[PDB]
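For this one, chain A is given, so just place chains B, C, D, E, F and G on it according to the hints.
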Amino acid sequence: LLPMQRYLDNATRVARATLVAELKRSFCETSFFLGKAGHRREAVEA
Amino acid sequence: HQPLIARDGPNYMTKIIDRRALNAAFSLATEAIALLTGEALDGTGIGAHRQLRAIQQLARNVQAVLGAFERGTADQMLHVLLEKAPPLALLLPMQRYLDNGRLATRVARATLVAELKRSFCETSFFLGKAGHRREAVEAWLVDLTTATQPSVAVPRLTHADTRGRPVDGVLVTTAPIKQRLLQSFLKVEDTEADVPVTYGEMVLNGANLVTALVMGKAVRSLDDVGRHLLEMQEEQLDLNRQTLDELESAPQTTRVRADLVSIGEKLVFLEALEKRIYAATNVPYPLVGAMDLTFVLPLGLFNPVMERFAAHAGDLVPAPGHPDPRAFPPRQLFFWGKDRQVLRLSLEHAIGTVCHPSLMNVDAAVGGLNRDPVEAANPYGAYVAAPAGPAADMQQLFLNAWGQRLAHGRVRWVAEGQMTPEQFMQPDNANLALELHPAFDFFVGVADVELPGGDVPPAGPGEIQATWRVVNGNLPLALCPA
Amino acid sequence: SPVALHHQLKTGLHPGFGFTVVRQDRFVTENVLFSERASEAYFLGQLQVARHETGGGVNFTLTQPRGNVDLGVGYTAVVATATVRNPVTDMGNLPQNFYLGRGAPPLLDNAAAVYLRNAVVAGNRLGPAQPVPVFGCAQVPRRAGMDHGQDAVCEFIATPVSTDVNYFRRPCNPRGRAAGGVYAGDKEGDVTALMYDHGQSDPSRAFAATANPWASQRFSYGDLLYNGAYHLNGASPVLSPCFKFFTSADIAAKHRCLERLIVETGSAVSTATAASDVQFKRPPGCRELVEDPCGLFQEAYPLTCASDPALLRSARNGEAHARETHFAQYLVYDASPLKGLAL
Amino acid sequence: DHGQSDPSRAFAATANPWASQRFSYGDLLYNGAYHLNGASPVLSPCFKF
Amino acid sequence: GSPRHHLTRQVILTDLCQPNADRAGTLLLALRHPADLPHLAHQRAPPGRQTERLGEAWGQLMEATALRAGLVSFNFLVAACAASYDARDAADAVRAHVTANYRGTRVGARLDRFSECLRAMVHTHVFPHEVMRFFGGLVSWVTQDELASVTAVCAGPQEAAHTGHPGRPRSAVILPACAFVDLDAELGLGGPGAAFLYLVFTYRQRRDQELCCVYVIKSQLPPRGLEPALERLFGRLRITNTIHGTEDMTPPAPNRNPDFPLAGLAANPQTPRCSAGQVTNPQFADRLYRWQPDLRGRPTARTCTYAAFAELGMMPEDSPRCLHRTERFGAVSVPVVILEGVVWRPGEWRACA
Amino acid sequence: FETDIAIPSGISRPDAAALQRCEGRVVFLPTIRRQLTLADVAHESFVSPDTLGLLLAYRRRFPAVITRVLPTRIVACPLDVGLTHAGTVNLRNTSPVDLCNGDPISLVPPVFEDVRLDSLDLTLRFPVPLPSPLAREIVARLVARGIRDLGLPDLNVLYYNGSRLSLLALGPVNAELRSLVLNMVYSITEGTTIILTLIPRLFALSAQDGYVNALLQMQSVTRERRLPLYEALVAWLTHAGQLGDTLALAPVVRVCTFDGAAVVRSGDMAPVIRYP
Amino acid sequence: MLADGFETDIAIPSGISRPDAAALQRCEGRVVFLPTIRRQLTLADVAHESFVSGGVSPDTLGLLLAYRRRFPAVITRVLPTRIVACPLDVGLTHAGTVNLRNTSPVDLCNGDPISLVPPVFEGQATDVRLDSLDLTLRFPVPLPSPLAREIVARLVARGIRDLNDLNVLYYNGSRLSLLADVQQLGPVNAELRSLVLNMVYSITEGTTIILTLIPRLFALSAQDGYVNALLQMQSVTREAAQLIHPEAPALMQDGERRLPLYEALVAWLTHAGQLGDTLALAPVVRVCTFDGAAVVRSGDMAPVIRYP
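Protein chains in written order, with the authors' numbering: chain A, 198 to 207, 211 to 246; chain B, 100 to 109, 118 to 589; chain C, 1032 to 1374; chain D, 1228 to 1276; chain E, 103 to 169, 180 to 465; chain F, 6 to 52, 57 to 122, 127 to 163, 172 to 190, 195 to 249, 267 to 318; chain G, 1 to 164, 175 to 318.
Keep in mind the hints are simulated off the structure, nothing from the lab. Treat each hint with caution, since some may be false.
[To be verified] DSSO-like mimics (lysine-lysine), calculated; alpha carbons at most 27 angstroms apart, straight line: (1) C:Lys1285 with B:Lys122; (2) C:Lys1370 with B:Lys224; (3) C:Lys1275 with B:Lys191.
Bound-form chain A, shown alone:
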C-alpha cells in the first residue's frame, strides 16, 4: 500500500517497472512488524 499511495499521485512504462522493485522490497522488509521490530517504540508509533 505504501508503495502504491506514492504512485497514485503523479503512468509510463518505467514508472510501472519501479513499482515492482518497491513492491518486492516493501514486502520482504515490512511484512511482519510487531514480531520483527516489535521491541522498539519510535519505529512502532510511526
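Okay, now just chains B, C, D, E, F and G, sitting in the frame of chain A:
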C-alpha cells in the same frame, strides 16, 4: 546603498520582469448551446428540465476553471522559487565566502572549488545519511534559516500569530518529511495566523497620450488640446486618491489555520502542498526533484609495483595442486545492482564499441595535425630505402651515408624505453601529442617522398604520418609494462 | 583489428586495453524549500476569453498573463535535498553499440563488413531489428517486459593498462585531464588551454599532464568516438553518457560567474528522459528540471566496485575492514553522495 | 521468447535451459496442460510457476 | 454559434446497407451503376485474366438478394472482408450482428457472395477504389418496404446535423474496432495536433487467392506524406504483388533485348546517320541501327498496387479524442470505436503503386 | 458575392432569347470585379485557340456559374470566392453524361459538339460539366486516337451510369487536338530514353526473373562528343511537370442533391456545393 | 469559423530587445512551417533551431524534404505578445483571402499557382536573426509554379552529377542565378529514388508503339515551325532519331480486348505527370488580384485564394 567601511591607507538595482501566461479550457457541447440559446425548447416540462442539466454544466465548469487559477498561483510560485534557489550543499561555502572577503584572487576561487566539491559529497542527503541522530539534525534546520540574507522590501501588511509576532520564513516540505519533523525534531507553537486578504494596488503616474479632433484653426480651439493634458492628468489624481483611501478602509486581515514552527530565532510557516492543490490532478508535485550522477568503472587495469601484494600469506588460497586464478591479469568487474544484484561487467561487453569499424577512422586526425607546419625531426624510422646493388656492400652504403644523420638529435622510440609509466604522462617528453590512438603510431615523417625510394631522403620538412600498430606487442612499455 | 578483437574478447584473451565504463543514473529525491519574508514580487493580470470552434462544440480558452520579480539582493531561497526515493535507472550493464549509429566509413570488404554486423547485432539487447534507414533514427527493439526500471547505457573509453587505480578511488574526470569552465582564468583562450594544452599540467593532479593520452588530447581515440563536433553517433536515439564530458564547444560556451553557475545547476536541463525504454536522447520538446553536479565540475564519481566476488564481500561490512588489493586484483570503494544511504 | 533477455537479470536469456523454454524437461513434468501429475493428490508446489 | 454543413437525400434500396440495424452515425459508401462493371473488366484487365469473372460474380449476388446505383454501409463492408484482419476475435463479432440484425433471408449468403464480388474486382482488375465513392454519414432515415430515404452529411461537421428525435438529437461517428488503425500510438506521436482521417483499401494479387481490407486511419500526416507510412505497415503486401501479381502474362524466354547503345553509337563519328528528309525512307532507314524493344509480361505499376487512400475529413482539436466502448447492436455486443467531432471533407483517391 | 456582366445595348429579339437559355451555365471571367463587360467573357477574349490553348486558359481564368439573367446585366457568382459564403448554386448539364450524386465535377472544353449573338458580333463557347473520373478518360481516349493518325472500335465506347457514349458520332476534332498529341508523345519519348540512358539495362533484363529483383531494390528504403543528358533532365521535368497540371483536370464542383432525384439527367439542373 | 479559418498563436517570449522586436513587425506576410496544427506554439519551434536533424543542419536540398513533412502557415498579424498565423492545409479565413508578400525578384500574375522554394538565390539569403534569442527565421520564397519546377529540376539534376553551367536561369528575359553549394549525400538519394520509381512506373507495354513515332517527330520537324520549336537544340530524341530506327512488336497478348495506348497514357499521367508533386511540395496557393493590378511587383502584397 552598498555598505561601505573606511580603511587605513590609500546605486540602482534594475531587474527584468519575467513573464508567463496561463491556459485553461472550458469546452461546451453542441446540444449544450441549443438549450442555453433557446433553440431546442418546447413548452414541455422535460425541455425546461433539460436546461438544468446544461445550465449547471456551466456551473460545474465555471468553478472548475476559475478555481484553477488560484491553484495556478500556488503552482507557479513553486516553479519559480525552485529556480531562484541553489542547494544547501553549495551555499554553506558561498555564504562563508561572501561574508569573509569577496576577494578576486585566483587562489580563493581555486579554494571555493575544494569547498563546493566536498560540501556536496558530504551534506547532500542529510536526513538519509545522518537522520538517525538528533543533534546534527537540529543544527541542519538552523543551517536552512541562516543561509539567506533578508530581502529588501517591507510589506504593508505582515503575517503574524494570534500573539502578533511576525513570521520571517516559509518551509515547504513533502508529506512524509513533515510527519517526521513534527514528532521529535520540531515543536508546533501556533495554529491560527493573521493573514492579509486584499491585493496591492498602485499609484499610476504614466506618460499620457492626447488625440483630439479640432474643428477649425483658432487660438482658443487649439488650446483645448493643452487643456486636455491637464484634464486627464487631473483624473489620474482622482484614481490615485481612491486607491489609498480604499486600502485604509478595507478589511485587512483574517484568521487562517496553518502550522507555525519556530526554528532558531524566528517563526516559519511549515507547509506541505500535495493535499490541498495537487490532489487528484495529473501534475507532478514540483518539490520531488531528480539527480544526475555519472559513474566510473575500470575494467582491465593492473596494479602498480608497490601494490602487488597480499594482506596475509594465506589470505585467498585455492585447492592444493591447482593454479591460483587471482595472479592472472583481471578482465572483469563486479558491483551492486539496484535490487542487490551481483552483476558482472567484463571485456566481452566492450565488443560494440570496438568491433565497430570507426576505431580505424584516422583521416580526421592526420589531416588536422598537419595544420600548423610541424618542424623536422630525425627520420631514422620514418624512411625506407629501395634496395640496390649486392648485399655484401649494403651496410657500407648505410653507415657511410647515415653517419651525420645518426647524431643530430635523440632517436624517439629508443628513448621511450626508459620511461616509468608515471613519467610518460608527465609533460617532460615532447611526445605526448604524438600518442593519440591505441593502434596507430603517430610520428614525424618526411615531406613529399613516395616510399620506398632513394638511399637518403631529401632535406625537406616533416609532417605527421600514421602507421597501423600490427600486434599487441607494439604498444609502448609505458602503457603496457613488462 | 575489429575482426581480430572479436576473436579474443569472446574466447577470453585479455588484450592490451583497459576501459573506463561511464554510465548515468537518475535518482528521485524529496527536496525541502525555504524562502523569506518577501522574496519575490508577483503580478497578475486580467483574464481573457478566447472563443474557438470545433465540430464537438465551442471551446472557451482562458488566459491570464502573469509576472515574476526577483527582488533579492543576494540569495533569498534554498532547496534542500532530504532523502532518496527509487533510482529511476537500473544500475545495470547495457553495453553501447555504434551499429545503431551512422556516419563511419566501413571497411571495404563487403564480405567482412557484413560478417561483423551479423556477429554483434544478432542476439543483442540494443542492436537494430531492421537495417538502418538513410534518414531518421534507427529503432531499439521493444522489450516484452521490464522489472527494475530503465537501463543505464554503459560506455567503454579505451585507456591504457598502466594507469594507476588511485586516480579512480576519488571523484575524477573520465577524460583523464580536468576539463571545465570553472577552472579557467580571465583571458580569452584559457578554456581551450585547459582541455587540450599538454605542455602544461593537469589542474587536478599537478604532477602529471594527463591520465589518458588516448582520451584527453586533441584528435585522440576518445575524441573521434564521442564528440558533438564530428557526428559519429548523431543517428542513434540512445544517449551516450560522456557526451557532456568531451564536447569542447559546450564547456567553452558557459560563463564563469560562480554567483550564477550555482543557481543554474539547481534547475538545469537534463540530457535524458524517464518516459523512455532503455535510455534516450531527449526529444526537442521535453524539459526535465534536474540538478547537475556533473555540469559544474566535469567530474564523475566512483562506485563500490571490485574484480573478485570474493573481494567485493569485504566491502559490505563498511570502510576500514574492506581489503583493497590482492596480487593482481583491486577494489574501488565509492566516494559519492550515496556513501551512507544503504541504497 | 529466447531471442529476448530476462527482465529480472537482463544480461542472460534465462537461468535454466532445461526449465524455461517451451517443451523443456521442466515443462513436460509440471504443467497442467500436459497432465503428468494430476492423478496423484499430493501437491506439486511449482504448479503455479 | 451554429456551424455550416450540407445534407444529402437519396432513395436507396436496402439490399446492401441497412439504416435500421446500423444506427445513426456510420459510414456509407456508394457504388457505380453495376452495368458499367462487366465492361470495364473487359477493357482494363491485364492479358491472361478471366474477364468473364466479374460479370458472373455480380450476377450471383443479384440472384441471392431476391430470395440502381445503390449504397454499401461500412459495417456491411467490414464483415464481408472479415477473413483478412488481424483481430479475428472482433472481426467475427462484426459479422455476428450483420447476419443477425439485417432484414432478409440468409444474409450470411450475401457476405460470402459480396466478398466473392470484391475478389472478382481485384482479379478482373476494376479496383473498387475506382468504384466505391464516399457518401456521407447517417443522421436520420425514413423506412419503407424494400427501400429507405437516407439523410447524410456530404460535407461538414458530423455533430451539427439534427437527428429528428428531440429525445436524442445528435450523432457521433460509429466505427467497428477492426478497421480503426491509429498511427499516433504505433509510431510514437503523442503530441497534440489536429488529426486527419483516411479511407484505405488494401489488395493482394494472386491466382484465386486475393483479399480486401477496409481501414479508417487517423493520423497527423498530410495526404502528401502518407505513402511512407502506408509502406511501413503494408510493405508485406507490396512485395507479394510485384512477384505474384504478374502471372499468366507470357514472358520472353530468354531475353531478346540487348543493351541500349545510344551512349556508344553517339560517341563514334563513323556511325551512319540520316537527315530530316532522309529518315522515314526505307533506302536510308535500313542503314541505321535496328532496335526492337520487348515489353511483354513486365510487372507494370497498375499490376503492382497494394493500397489506395483518400481524404476523408479531419478533427480540428488540439488533442483529438477517441473512445473504445462495446455498444449493443440488438443482441450482439461489438467492439466500437467512437470518433468525436469529425469535420467531413471528401477527396480524390490515390493509388500507392 | 455576385458579379455583374452588363450586356451592351443593341439587342435584337432572338439575341435576348439566346441569353435567356443559358441560365445555369459556366462562364470564365478574367478577374473578380463588380463592373465587367460581356466582351471579356466571350470567345473573342480567348484569341482561335485549340484544345491545349483552352486547357491553359481554363486555369488562369476563374470560373463562374450564371444565376438569374436580368434583361440589362448577367448576374454570375464565381466558384472560388463567392460560393463558400452562399449555400448552393444550380448548374445545368450540357453533357451527354448523366450526373450522379456525390461526383466530383471538373470541366472539359467543348470537344463533343455555340450560342452566337449576331447583333453583338461574338460567339460563346461554354465548358462541359462532366465528372472527373471520366475527364481523365475522355481526354485520354482522344489523345490515344491522334497517336494512331501518326484505332479499335472499343476505344469510342464509354459506359457510364448504364448509358452508352459514342466518341465517334471526327474530322475537325482531329486537327483541333493536334498540339496535345505532339506534346503527349514527345514527353514520353524523351522520358523513356533518359531513363534508358541513366540506367541502360532496363530492357535487357529478363521480365519476371531479373527485372523484378531489380525492381525490389528500387522499392526498398534501406538500400542507398558528350550526350547533353543532364541538361535534358531539366528540359523534361519542366515540360512533363507542365502537362501534369493541365491534364490533371482537378475537380471544382461536387454535387450534393437534396429533395430531388439521385441522377441528374441531360438538360436538367443539379445542386452544387464547394465547401463543407 | 472552425471550418473556414484556423488561427494559431505562435507565442513571443519575455526577454526581447527592441532591435529584435522591430524586426518581427516587418515579417507580416511570410510563410511559416508549423510541425503540427497546435493552437499554441513558440518561436523556438518555428525557427531554424527546431529544423536541425540529429546534429546535422541540412543544405538547400534537404531543406525541401523537411518542408513537405510540415505545415505551411502564413502570418496574418504580428502582435507584441504573439504571432497569429493560418495553416494553409486547413482553411484560409472566413473570407478566404490572406495577403502574402513577394520575397522573389520575380513579378506575379493572375491565376499563377504558387509553390514555395527555399532561399536558393544569390542576393536573397535573408535570414531575420534575433540576437537576444539566438533565432534565425529562414523564410521561403513564394515563386510562380513554372519557376518552381525549374529550380527543383536544377537542384535534383545537380546532385546526379556529383555521384560520379546549370545554375543560370532565365525568366521573362531577366537573368537570375541560384547559389551553388556542396550537397549532403543523404537527401540526394531520397530524390533519385523518387525519380526512378515514378519514371520506370510510367513505362508500359503500349509505350513501344509511341517509341516508333520518333522518326515521325524528326521528319516533321523540318516542316512545322511548331515542332522545330518543340524538340530542342540539346534534346535526346533528336539524337535518338539520327542513330536508332525503332520498330514495334507485331502482336500483343490478348490484343483484341485491351487498348495498348490507353493504358500507356493513363500510367504516364499518374506517375510522371505526378512527379512534380513528388519532388517538391504541392501548389496549394494561387493569386487572385481583384482590382489593383494584374501584375504584382516584388516586395508587394498579393491577395490569395486556394487552389486544388
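- request: Any hints from earlier that this structure breaks? Give me their numbers in increasing order, please.
  value: none
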